[PDB]
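Student: Now for the letters of each chain:
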Amino acid sequence: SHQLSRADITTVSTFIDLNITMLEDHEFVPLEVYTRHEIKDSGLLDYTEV
Amino acid sequence: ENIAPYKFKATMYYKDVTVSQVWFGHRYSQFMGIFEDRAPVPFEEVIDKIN
Numbered sequence: 294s295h296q297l298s299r300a301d302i303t304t305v306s307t308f309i310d311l312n313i314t315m316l317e318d319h320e321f322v323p324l325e326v327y328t329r330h331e332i333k334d335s336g337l338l339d340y341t342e343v
Numbered sequence: 188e189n190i191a192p193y194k195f196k197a198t199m200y201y202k203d204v205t206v207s208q209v210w211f212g213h214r215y216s217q218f219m220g221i222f223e224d225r226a227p228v229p230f231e232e233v234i235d236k237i238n
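Residue numbers (the numbering used here), protein chains in the order written: chain R, 294 to 343; chain G, 188 to 238.
Rather than coming from a laboratory, the hints here were simulated on the basis of the structure.
Here a beta-carbon is modelled for each residue, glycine too, at the ideal position from N, C-alpha and C.
Worth double-checking, as some hints may not be accurate.
As the list claims (entries may be wrong) - With a straight-line Cα cutoff of 30 Å, these simulated DSBU-like cross-link-like pairs (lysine-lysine) come out:
1) G/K236 - R/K333
2) G/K236 - G/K202
3) G/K196 - R/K333
4) G/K236 - G/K194
5) G/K236 - G/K196
Unchecked claim - Label pairs and their computed distance ranges (CB to CB):
6) R/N312 - G/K194: 56 to 64 Å
7) R/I313 - G/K194: 55 to 63 Å
8) G/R225 - R/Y340: 17 to 25 Å
9) R/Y327 - G/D224: 26 to 34 Å
10) R/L324 - G/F230: 48 to 56 Å
11) R/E320 - G/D203: 56 to 64 Å
12) R/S335 - G/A197: 15 to 23 Å
13) R/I332 - G/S207: 41 to 49 Å
14) R/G336 - G/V233: 24 to 32 Å
15) R/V322 - G/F230: 30 to 38 Å
16) R/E342 - G/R225: 17 to 25 Å
17) R/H330 - G/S207: 38 to 46 Å
18) R/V322 - G/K236: 55 to 63 Å
Said to hold, decoys possible - Take a look, some chain G residues computed to stay more than 12 Å from chain R by CB distance:
19) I190
20) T198
21) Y201
22) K202
23) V209
24) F211
25) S216
26) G220
Excised from the complex, chain G in its bound form:
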């Protein structure tokens, strides 16, 4: 019996989008929030730009 999975190659295209809110003090800076996200790269940007 065959228990090994079927393995193939794939390519992942995405964009890491990070927006940071910073408060600037008298002698220091501080992060009040860091929103990190992953966004898909559209077909019209994979075929026309990346490839």
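One chain only, chain R, in its complex shape:
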């Protein structure tokens, strides 16, 4: 009769799917609550500058 392309016939899946996703690259920036300076300035008086 004739020939047929492979895609012309319905394909049923005989495979089991596993969707493994990678862990994304991340960056940590320098973060701090109070800098060394802020702590120095927190004092009411400084002997050196006085």
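Use these hints to put chain G onto chain R, whose structure you have.
Tutor: Then chain G, alone, in the frame of chain R:
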């Protein structure tokens, strides 16, 4: 939390009063005492004279 102090501007008016007692020798002079003091400038001199 806030740890920095509240900062503002101020102006200080005062007078440095220094009274010195000196003994004059034959060939030299000497300090027998130097009294140094700080005195407030009154309101009637800050407003009326300085300002």
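Student: Each hint needs a verdict: does it hold in this structure or not?
Tutor: Hints, verified against the model:
| no. | hint | in the structure |
| --- | --- | --- |
| 1 | G/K236 - R/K333 | 40 Å, violated |
| 2 | G/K236 - G/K202 | 14 Å, holds |
| 3 | G/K196 - R/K333 | 20 Å, holds |
| 4 | G/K236 - G/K194 | 28 Å, holds |
| 5 | G/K236 - G/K196 | 21 Å, holds |
| 6 | R/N312 - G/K194: 56 to 64 Å | 59 Å, holds |
| 7 | R/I313 - G/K194: 55 to 63 Å | 58 Å, holds |
| 8 | G/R225 - R/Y340: 17 to 25 Å | 21 Å, holds |
| 9 | R/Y327 - G/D224: 26 to 34 Å | 42 Å, violated |
| 10 | R/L324 - G/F230: 48 to 56 Å | 51 Å, holds |
| 11 | R/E320 - G/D203: 56 to 64 Å | 59 Å, holds |
| 12 | R/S335 - G/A197: 15 to 23 Å | 20 Å, holds |
| 13 | R/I332 - G/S207: 41 to 49 Å | 45 Å, holds |
| 14 | R/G336 - G/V233: 24 to 32 Å | 31 Å, holds |
| 15 | R/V322 - G/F230: 30 to 38 Å | 55 Å, violated |
| 16 | R/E342 - G/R225: 17 to 25 Å | 20 Å, holds |
| 17 | R/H330 - G/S207: 38 to 46 Å | 45 Å, holds |
| 18 | R/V322 - G/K236: 55 to 63 Å | 57 Å, holds |
| 19 | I190 | 4 Å, violated |
| 20 | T198 | 18 Å, holds |
| 21 | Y201 | 17 Å, holds |
| 22 | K202 | 22 Å, holds |
| 23 | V209 | 32 Å, holds |
| 24 | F211 | 39 Å, holds |
| 25 | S216 | 35 Å, holds |
| 26 | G220 | 28 Å, holds |
Hints 1, 9, 15 and 19, counting from the list given before, are not met by this structure.
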